[PDB]
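Taking the form deposited in one PDB entry, here's one chain by itself in structure tokens.
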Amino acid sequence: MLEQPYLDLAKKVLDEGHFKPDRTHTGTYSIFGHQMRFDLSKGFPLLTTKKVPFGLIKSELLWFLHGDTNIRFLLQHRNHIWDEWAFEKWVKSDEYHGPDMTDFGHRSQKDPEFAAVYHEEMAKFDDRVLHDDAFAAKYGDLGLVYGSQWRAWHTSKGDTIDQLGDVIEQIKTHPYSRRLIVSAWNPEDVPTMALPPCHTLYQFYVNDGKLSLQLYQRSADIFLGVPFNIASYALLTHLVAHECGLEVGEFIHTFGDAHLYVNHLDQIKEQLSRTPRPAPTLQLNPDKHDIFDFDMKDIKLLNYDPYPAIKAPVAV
């Protein structure tokens, strides 16, 4: 039933992959060369074998689609996924002169001053991100994130081109235009960067009413990693299919280094013994038909019963 290419993609990786050592230095079992499909009329490819949370995919998303980059907002919509990049900023800070969080993620596991106290050096950084907007502005803002790669490309001439907005009007002016891609890989910015964009480029189609998507993820982690990467870019197919009064066909998923990080070997084994406890339905409000302003409760995902949720250590 729907999420099964991810269940079928993890099975292949863990006996049959090749161990490959990553930077974090706790290897993998990987492939490279993988392509995966979902058909969104058989609903949402949201993972019933463990619990994936939707709220926090849905919040992430809109943030990107608003041409935003200020974590300030992720916090308001109760989100904190992108936190630690702005923190890596404030603890190496010019003006957080005092109680340092040096090496804090690969020393979460190790605790004792990072234990709570870094996680709450962090939340306190966070409130100034929420009240001294001088600190949202000048700290919660990661700059070159997907919302500035998809809606604010900085051009050879100082300003911005909005790229997911031409997906939306070209889907609409010439439909079955073979060129309908947005790249977020920006050559001249990958080296000074911390994570260049995992989700490099995604190609659109307008099939025949069916809006169909395909994402090119060069890096990919099966387990924590890929469950949120099926469900942000299938929600894009729904949103966009709806934006030009077209109707969802299918989301496809190209991979690079498809990987199941050696470290979380036995919790993936743990999932492939839960049987895909049916499929959710995303509905999105008929009355709002943009995609760019969507407050949170217009896109709603009906009927989820997941399995209980399976848990990781320290990501890096």
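Residues that one form lacks are left out of the comparison. Residue numbers count along the first chain shown, from 1. Throughout, rigid core stands for the largest set of C-alpha atoms superposing within 1.5 Å between the two forms. Compared with the form deposited in another entry:
Comparing the two forms between these two forms on the rigid core, the single residue of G143, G98, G245, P187 with a CA shift of 2 Å or greater is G98. With the core held fixed, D162 shows a CA shift below 2 Å between these two forms.
After superposition on the rigid core, the Cα of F114 moves by 2 Å or more between these two forms. Regions that shift between these two forms, defined as runs of three or more consecutive residues whose CA atoms all move by 2 angstroms or more after core superposition, comprise 97-100, 111-114.
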Given for the second form:
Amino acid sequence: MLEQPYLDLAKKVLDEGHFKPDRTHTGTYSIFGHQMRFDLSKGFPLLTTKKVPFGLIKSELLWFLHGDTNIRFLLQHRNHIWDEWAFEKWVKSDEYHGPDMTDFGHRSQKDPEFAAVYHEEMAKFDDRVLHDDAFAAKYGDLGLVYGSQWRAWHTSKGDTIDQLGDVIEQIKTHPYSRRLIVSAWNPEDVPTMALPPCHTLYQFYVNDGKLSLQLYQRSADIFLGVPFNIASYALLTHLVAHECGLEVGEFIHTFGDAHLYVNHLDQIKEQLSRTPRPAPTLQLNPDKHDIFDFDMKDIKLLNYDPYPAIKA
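Now that the form deposited in one PDB entry has been shown, please provide the structure of the form deposited in another entry.
The following holds one chain only.
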């Protein structure tokens, strides 16, 4: 079925993965250079073998598509998936007068006492980002995240460049261009920045009135990250095609390193006993074609029939 390459990736890393000691107190099993392919005409590749929250994917992608890098927009859509790096910055500042949150991630699972403390300081941060404009400006803005790299790339000469916007124009006038490329990898930023982008680069291609995209992803958390990643980029492919008036082709997901953490193994093993169901179908607003101006309600997911989420 449509999602089978995900399951085959997971099982390959499980049976043939190379073990490597990890930055964060674990190990990983990984393979290098694996590719998955998804024929978008066959359905939307949101995994049926584990519930994946399509709401969060949708609002995060709209966020990128706005060139937005401020978490306030995500909070306004009840999306907390970028909160941590924003919190991670405010906590390391002068203004922060509360309890110490050094290595707050590590201590959250281990001590159920500190967890409820951080739950509350992160509640304080969020509400304040939502209502305090000056605060949103200082701490809500992540600076160098996908929205800036895709839509406002900073040039040596003080200027800024909308790569994806330029590429979409190129798809419409030069569909057979071999240069329909959006990169998120800036050699000037990457030595110091918070996270050198995992979704390093993507490329479009058109044949027979159908739009394909290839993503090159240097590093992938197969269990937690990849299911979101597959969905965002497939969504992005549909959105770009919709705007250019084309049909959908393939999404080709190419990896550098793709890995499982030594502590996530039972979860993925249990997921592999599950049997893919028919894929859902995506529907887009027939009246809107500028995706830089799309809203949540312009995107509908039909007939999604997933197995339970796995909390792991």
